[PDB]
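**Student:** Single-letter residue listing:
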Amino acid sequence: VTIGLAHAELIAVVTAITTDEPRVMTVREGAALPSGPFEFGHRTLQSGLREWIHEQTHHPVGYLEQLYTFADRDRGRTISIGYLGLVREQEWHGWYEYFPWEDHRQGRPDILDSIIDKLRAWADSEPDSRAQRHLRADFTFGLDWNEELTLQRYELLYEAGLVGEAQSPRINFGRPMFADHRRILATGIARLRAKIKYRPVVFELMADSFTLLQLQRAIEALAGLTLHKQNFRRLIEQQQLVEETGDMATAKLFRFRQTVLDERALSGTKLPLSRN
Amino acid sequence: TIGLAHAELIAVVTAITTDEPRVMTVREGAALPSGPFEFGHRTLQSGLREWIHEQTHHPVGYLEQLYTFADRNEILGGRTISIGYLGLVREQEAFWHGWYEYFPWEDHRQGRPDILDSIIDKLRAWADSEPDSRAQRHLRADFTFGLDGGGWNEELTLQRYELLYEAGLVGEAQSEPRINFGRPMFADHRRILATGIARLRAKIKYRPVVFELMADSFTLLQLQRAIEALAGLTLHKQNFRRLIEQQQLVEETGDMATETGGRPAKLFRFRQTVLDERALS
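In the order they appear, the protein sequences are chains R and D.
The opening position of the first sequence corresponds to residue 1 in my numbering, with each subsequent residue numbered one higher.
The opening position of the second sequence corresponds to residue 1 in my numbering, with each subsequent residue numbered one higher.
To give an idea of the interface, some chain R residues facing chain D are shown, with a C-beta separation under 10 Å as derived from the structure:
1. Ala8
2. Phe139
3. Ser274
Note that these hints are calculated values from the structure, not bench results.
Built from N, CA and C at the ideal position, the CB exists for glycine as well.
Could you build all of it, start to finish, from the sequences and the hints given here?
**Tutor:** Now the structure itself:
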């Protein structure tokens with residue numbers, strides 16, 4: 001019996017919100033996410049990654065949930081397993097340093113004009129696949145916007161040679177990362193934006209007490225969008241996520257109900273998930 | 001060398017036939033189609049497609065990754081990990097078996113199954129065996145199997161299987177006296193199948209894009225029966241038809257079908273935009 005082996009890497013996407021900016025735990029002066037191999041001594045994948053987070057950041061981490069597993073795109077093999085965690089910063093680079101085209105809180109960023117042009121030049125480069133490439137680019141990058149399609153946009157940029165990690169005449173948008181860590185980060189961004197669009201269980205990102213304005217501003221920071229104010233508030237009351245603390249702030253203060261906190265405690269790292 | 005692993009790619013390919021959810025198997029229903037990730041595989045997904053073809057020769061459409069599990073043995077030189085994928089297809093002339101042969105406690109279409117009486121009894125005796133763990137084990141048992149007043153949650157298939165495994169109530173755990181519910185599978189394949197069922201149930205509750213399971217044209221009753229089979233629950237007819245209309249998932253084809261009693265019903269199809277979105281993802 002011949003057994004094929006490959007490098008098994010655990011990669012952490014730990015996100016915090018400070019000053020209404022989504023930050024991500026990084027290492028090596030922001031060039032990479034916390035990561036490390038999966039070793040014999042590790043009980044689980046999660047516990048092995050928590051060892052690397054501790055050694056490399058010494059920052060506490062709460063619940064973790066598995067993101068996605070990727071084979072390498074080099075040219076032995078490497079298999080990368082990503083995890084998502086939400087924390088409050090203790091004692092950090094921003095998402096949009098790496099994905100500047102994903103923050104539409106102040107309208108479409110002008111960088112998208114450069115991105116779309118180079119993207120359509122690529123789409124027009126081969127006639128037999130021009131129509132399909134225009135459809136993909138039109139669907140992913142805006143419409144003829146969907147904040148959940150963060151991974152599909154980065155995959156298309158990579159296929160089009162428009163990020164440094166593709167290593168094509170080097171064209172690049174946003175800060176590149178070591179190996180395919182920016183691919184992992186795009187997966188964590190997409191997962192968090194799908195989570196908050198329908199049930200924003202983000203008590204780990206908030207202080208115990210918060211106003212509905214602050215809760216909206218932090219969701220808006222994660223989504224990279226401005227949300228209809230009254231639509232967000234009725235979505236919150238619909239999902240029965242928060243309750244008022246009885247105290248005030250200068251606006252009412254709220255906190256996530258204990259039923260929300262306990263259900264997370266009995267769920268694990270593989271949540272019943274809507275889709276990719 | 002530190003950090004090496006061997007990866008098995010495991011397929012959960014589901015169809016609906018005679019209003020029963022069915023999974024593609026090999027070895028007469030004992031295992032899912034699976035195979036190792038090899039150096040020449042461009043991606044994990046394309047590797048699994050080669051194993052599905054060699055082992056079943058059944059066509060497969062879209063696939064989505066499920067979850068990656070690790071074992072629990074250092075003579076192998078690395079850990080072993082399992083990567084599952086979920087696909088939806090129409091069944092063709094590979095051995096197909098029903099989901100609920102392996103997970104009979106997950107089908108509540110005709111009421112709560114009687115097997116759950118024996119499962120909960122065995123689960124309570126295990127939770128009471130160790131007093132220092134009694135409280136935490138009971139909370140997990142009531143949450144997973146819906147005894148906590150919140151009701152049955154059809155999405156928690158994986159959390160229920162893992163608790164049964166931790167309690168040694170499935171044959172794959174190999175307990176001191178053997179206790180097993182449902183038909184076991186090779187290796188950890190039921191853990192993968194439970195992940196695929198849970199993922200599919202989370203999809204249909206939110207947005208039932210299951211055009212790969214239906215024929216090209218279908219009635220609304222046929223679509224409802226398909227969703228009910230996946231969920232293991234009977235649907236609220238009006239809420240269901242309200243859901244797919246607000247999602248704008250289907251459209252009238254213009255043709256009519258004649259149900260078995262003679263009642264005419266309009267045929268429907270999933271809209272082309274729905275097909276296009278899934279392609280461009």
